[PDB]
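Asks: Sequences and hints are given; from them, build the entire structure.
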Amino acid sequence: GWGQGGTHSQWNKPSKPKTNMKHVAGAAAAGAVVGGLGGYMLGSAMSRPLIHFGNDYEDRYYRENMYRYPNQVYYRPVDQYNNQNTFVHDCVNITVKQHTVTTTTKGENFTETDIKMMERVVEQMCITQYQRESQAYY
Amino acid sequence: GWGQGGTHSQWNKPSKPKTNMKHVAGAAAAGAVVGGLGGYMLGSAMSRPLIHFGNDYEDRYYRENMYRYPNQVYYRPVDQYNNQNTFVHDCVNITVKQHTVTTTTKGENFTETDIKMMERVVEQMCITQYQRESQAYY
Amino acid sequence: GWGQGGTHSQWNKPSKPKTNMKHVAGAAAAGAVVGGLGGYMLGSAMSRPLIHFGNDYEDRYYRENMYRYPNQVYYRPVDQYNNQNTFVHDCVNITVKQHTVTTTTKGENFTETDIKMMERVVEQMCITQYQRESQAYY
Amino acid sequence: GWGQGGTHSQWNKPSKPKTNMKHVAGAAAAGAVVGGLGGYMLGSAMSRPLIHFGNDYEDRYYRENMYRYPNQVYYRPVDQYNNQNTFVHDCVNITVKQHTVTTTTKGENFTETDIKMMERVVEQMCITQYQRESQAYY
Amino acid sequence: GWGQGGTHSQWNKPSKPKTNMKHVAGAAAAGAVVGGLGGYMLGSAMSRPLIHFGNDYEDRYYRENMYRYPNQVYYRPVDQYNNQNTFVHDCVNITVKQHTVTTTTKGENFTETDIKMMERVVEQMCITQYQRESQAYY
Ligand SMILES: *[C@@H]1O[C@H](CO)[C@@H](O)[C@H](O)[C@H]1NC(C)=O
Ligand SMILES: *[C@@H]1O[C@H](CO)[C@@H](O)[C@H](O)[C@H]1NC(C)=O
Ligand SMILES: *[C@@H]1O[C@H](CO)[C@@H](O)[C@H](O)[C@H]1NC(C)=O
Ligand SMILES: *[C@@H]1O[C@H](CO)[C@@H](O)[C@H](O)[C@H]1NC(C)=O
Ligand SMILES: *[C@@H]1O[C@H](CO)[C@@H](O)[C@H](O)[C@H]1NC(C)=O
Ligand SMILES: *[C@@H]1O[C@H](CO)[C@@H](O)[C@H](O)[C@H]1NC(C)=O
Ligand SMILES: *[C@@H]1O[C@H](CO)[C@@H](O)[C@H](O)[C@H]1NC(C)=O
Ligand SMILES: *[C@@H]1O[C@H](CO)[C@@H](O)[C@H](O)[C@H]1NC(C)=O
Ligand SMILES: *[C@@H]1O[C@H](CO)[C@@H](O)[C@H](O)[C@H]1NC(C)=O
Ligand SMILES: *[C@@H]1O[C@H](CO)[C@@H](O)[C@H](O)[C@H]1NC(C)=O
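Residue numbers (UniProt numbering), protein chains in the order written: chain A, 92 to 229; chain B, 92 to 229; chain C, 92 to 229; chain D, 92 to 229; chain E, 92 to 229.
These are computed hints drawn from the structure, not numbers from a lab.
One or more of the hints may lead you astray.
Any copy will do: because identical chains look the same in the list, a pair fits if it lies in one copy or spans two.
[Stated by the list, open to error] BS3-like, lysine-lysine: derived pairs with alpha carbons at most 30 Å apart: (1) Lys-207 / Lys-197; (2) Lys-107 / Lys-207; (3) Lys-188 / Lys-104; (4) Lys-109 / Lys-188; (5) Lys-113 / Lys-188; (6) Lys-188 / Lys-207; (7) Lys-104 / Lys-197.
Replies: If you want it as structure tokens, here you go:
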């Protein structure tokens, strides 16, 4: 007539996490867990992987049992070329340019005029602005 | 008639984490856990991996049992070429340029004019601004 | 009729962590745990990895049991070429340039004019500003 | 009828950590733990790794048991070339330049004018400013 | 009918750590623990690694048990070339330059003018400023 108390356990219990950031790449933030017996595991081999939050009871009576390589993980990869990549390209290859090429041969009595006005061409770009009861003036 | 008290345990219990940052790359922040028996594990091999928050009871009676290599991890990778990468490119390859190429051969009595006005061309770019009851004037 | 008191234990218990930072790369900050039996483990091999927050009871009676290499970790990698990398490129390759190339051959009585006005071209860039009841004037 | 008192233990218990910093690279800060039996462990091999916050009870009666290499870690890596790196590039390769190349051959009676005005071209860049009831004037 | 008092122990218990710093590289600061049986351990091999905050009870009766190399760590790495590095590049390769190249051959009666105005070109850069009820005037 024994007794085990109930378990109220948290692998991650953050209370009121107020966080301001920009980039979360390959990481964990704002009270987040990257995988329980998992996550970013490109090549894995797990024998008898068990997750049970409930109570566990075992009454085992093993007699003259021949266990030959139980839960064996024969991890023998050959020439494994696997790609599991995350690519994020934001505001990449942005060009604001004015280019002029001049190639004049034996030019006599000639006038060359190259005017490239560039005014108010881009006012805003990639403005990741979060507003809450706020004001922004540009 | 024994008794084990209940377990109220937290691997990470941050209370009210107020944090300001910019980049979280390959790390942990703001009360976050990178993996419980996991995370970023490209090549792994785990035999009998068990996670159970509940109470555990075991009553084992093993007699004359032949256990030959139980829970064996034969980790023998050969020529493993695996890629699990996180790429973040933000505001990369940004160019604001004015380029002029002049190639004049035996130019007689000629006038060359190259005017490239560049005014108010980019006012804002990559402005990651978080506003809460605030004001910004540009 | 024995008794074990309940366990209220925290691997990390930070209370009210107020933190200001910029970059968290490959590290831990703001009360964060990088992995419990895990994290950033590119090549790993764990036999019988067990995590249980609950109470543990074991009543083992092993008699004449032949355990040949139990929980054996045969970690024999050959030519393992694995990449699990985090890449963050923010405001990289930013160029604000005015370039002029002049190549004149036997130029007689000629006028060369190269004007590149550059005014108010970029007012703000990569402004990671967090505002709370604040004001910014540019 | 014995008794063990409950354990209330913290591997890291920082109370009200108020911290201001810039870079946390490959380190620990703001009351953070880098791994419990883990963290940044590129090549690892652990046999029977166990974490249990709850109470542990063991009643073992082993008789005539042949344990041949139990929990053996055969850590024999050959030619292991693994990369688990964190790369953070912020405001890298920033160039503000005015370049002029002049190549004149036998130039007679010629005027060369190279004007590159550069005014108010970049007002702010990489301004990582955290504001709380504050004012900034540029 | 014995009794063991409860353990309230902290590996690190900093109360109200108020800290101001700039760089935390490969270190520990602000009441942070770099790893419990872990941290930054690129090549490791641990047999039976156990962490349990709860109370431990062991009643072992071992008789005529043959333990051949129990918990053996055969740590024999060969040609291990592993890289787990943290790279942080902030405000690197910043160039503000005005360059002029002059190559004139047998130039007769010619005027060369090279004007590169550079005014208010960069007002702020890499300003990591934390403000709390404060004022900054530029
Ligand atoms: C455009 O961007 C891609 C990646 O998004 C890059 O690989 C390439 O070199 C760029 N091309 C240009 C700038 O012409
Ligand atoms: C061009 O050059 C020739 C030189 O032989 C001259 O006769 C002519 O007047 C020139 N053109 C002008 C518009 O002056
Ligand atoms: C453009 O960016 C890519 C990566 O995003 C870089 O590899 C490449 O060299 C860049 N090309 C340019 C600047 O022309
Ligand atoms: C160009 O040069 C020739 C020199 O022979 C001259 O006759 C002519 O007047 C010139 N052109 C002008 C517009 O002066
Ligand atoms: C552009 O950036 C990439 C990385 O983002 C770098 O490898 C390359 O050399 C750069 N190219 C330029 C500056 O032309
Ligand atoms: C150009 O040079 C020649 C020299 O022979 C001269 O005759 C001519 O007047 C020149 N051009 C001008 C516009 O002066
Ligand atoms: C651009 O930056 C990369 C790394 O981000 C560096 O390796 C390269 O040499 C740089 N290229 C330039 C400055 O042209
Ligand atoms: C150019 O030089 C020649 C010298 O022979 C001269 O005749 C001519 O007047 C010059 N050009 C000017 C505009 O003075
Ligand atoms: C640019 O920076 C990289 C590292 O970020 C450095 O290795 C390289 O020499 C630099 N290139 C330049 C200054 O051209
Ligand atoms: C250029 O030099 C020659 C010398 O022979 C001269 O005749 C000519 O007047 C010169 N040019 C000017 C504009 O003085």
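Asks: For every hint, state whether the structure bears it out.
Replies: Against the structure, the hints come out as follows:
1. Within a single copy, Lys-207 and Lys-197 get their C-alpha atoms as close as 25 Å, and across copies as close as 25 Å, so both meet the 30 Å cut-off.
2. When the C-alpha separation of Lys-107 and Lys-207 is checked against a cutoff of 30 Å, the pair qualifies neither within a copy, at 54 Å, nor between copies, at 53 Å.
3. For the identical chains of this complex, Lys-188 and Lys-104 are neighbours neither inside a copy (51 Å) nor across copies (50 Å), given an alpha-carbon limit of 30 Å.
4. For the homomeric pair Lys-109 and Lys-188, neither the shortest alpha-carbon distance inside one copy (41 Å) nor that between copies (40 Å) is at most 30 Å.
5. In this assembly of identical chains, the alpha carbons of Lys-113 and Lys-188 lie at most 30 Å apart whether taken from the same copy (28 Å) or from different copies (28 Å).
6. For the identical chains of this complex, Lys-188 and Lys-207 are neighbours both inside a copy (10 Å) and across copies (10 Å), given an alpha-carbon limit of 30 Å.
7. Proximity of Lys-104 to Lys-197 under the C-alpha cut-off of 30 Å is found in neither arrangement, the shortest distances being 79 Å within a copy and 79 Å between copies.
Checked against the numbered hints above, the structure breaks hints 2, 3, 4 and 7 and satisfies the rest.
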